[PDB]
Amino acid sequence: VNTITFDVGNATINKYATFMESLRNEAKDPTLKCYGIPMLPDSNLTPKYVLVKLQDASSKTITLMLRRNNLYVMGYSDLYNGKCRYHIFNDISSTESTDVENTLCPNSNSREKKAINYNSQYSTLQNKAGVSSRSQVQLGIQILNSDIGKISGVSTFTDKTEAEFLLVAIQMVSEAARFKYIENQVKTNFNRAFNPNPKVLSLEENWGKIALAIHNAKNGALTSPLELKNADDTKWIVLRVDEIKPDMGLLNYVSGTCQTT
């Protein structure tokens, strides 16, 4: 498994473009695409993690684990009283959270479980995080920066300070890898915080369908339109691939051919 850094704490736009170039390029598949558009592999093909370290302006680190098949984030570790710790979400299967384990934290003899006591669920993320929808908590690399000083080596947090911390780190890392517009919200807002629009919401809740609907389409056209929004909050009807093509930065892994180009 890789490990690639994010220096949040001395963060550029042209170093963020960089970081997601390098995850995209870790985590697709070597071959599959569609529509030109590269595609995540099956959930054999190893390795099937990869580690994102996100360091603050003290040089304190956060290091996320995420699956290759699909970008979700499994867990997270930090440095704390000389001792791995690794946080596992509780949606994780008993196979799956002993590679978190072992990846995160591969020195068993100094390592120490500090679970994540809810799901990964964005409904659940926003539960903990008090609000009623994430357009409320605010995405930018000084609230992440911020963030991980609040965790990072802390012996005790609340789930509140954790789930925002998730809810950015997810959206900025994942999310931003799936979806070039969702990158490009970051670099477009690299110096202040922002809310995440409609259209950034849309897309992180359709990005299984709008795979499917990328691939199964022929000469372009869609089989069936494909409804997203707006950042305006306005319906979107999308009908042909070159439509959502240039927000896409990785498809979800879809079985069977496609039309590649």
Second form
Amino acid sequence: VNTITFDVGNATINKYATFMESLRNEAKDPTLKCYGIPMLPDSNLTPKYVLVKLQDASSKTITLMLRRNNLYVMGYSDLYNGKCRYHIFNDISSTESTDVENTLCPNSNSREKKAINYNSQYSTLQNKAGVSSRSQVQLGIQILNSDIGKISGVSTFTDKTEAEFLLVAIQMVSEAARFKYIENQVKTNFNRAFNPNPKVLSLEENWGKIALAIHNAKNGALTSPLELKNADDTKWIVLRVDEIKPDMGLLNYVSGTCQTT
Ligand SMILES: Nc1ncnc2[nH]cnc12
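Moving from the form deposited without ligand ADE to the form solved in complex with ligand ADE:
Below: every chain and molecule of the assembly, starting with the one above.
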């Protein structure tokens, strides 16, 4: 399994772009694509995981573990009290949990369990963060940096603190890798906090449906309209691959052949 490092504490737009490039290039299947857009592999291709190490301004780190097949964050690790501490979501199976344990913290003689005692759905994370919408949880480079320092090497912390960190890291890492539009929202706002707009949220919520729509399209025409949101919360009725492709970083895995370019 590869570990890709992103230096949050000394970040620049260019360094974030390179991070996104490296993460997409590691995660993607070596060959699968539809309409020129790289696709994630089946669940059997090895390595099955990618690690993402986030470094703050004091060189504290948190390492996220991502599933390659769907880019979900499965859990994360930090160094505390001389040990590797692994924090796994509670909706990960026993088999995958064993992988997470041993991939984040291969030294079984110096590690510690500190579970994430809730599941990894956005509805749950929002509940734990106290917000009715993750539009209300700002994203940003300084926020991500600050959040790392509230958790890494910290014995005990609240579920709210953790969920806020997870919302920010999931969106700035996995969702940005999935969607060039979201990468670009981070880059346009690189120097400030920002609230994810309706188009960010819509893309996040519809990634699986978008992959299927692109995979199924014939001669660039979607088989049925795909309704998303524009950034002003108006409806975006997508009819062709041409309209959605610029926003895409990675397609979710979809079995079967497609129009490849
Ligand atoms: N834990 C997670 N990781 C990646 N994408 C997600 N979408 C919702 N929860 C997520």
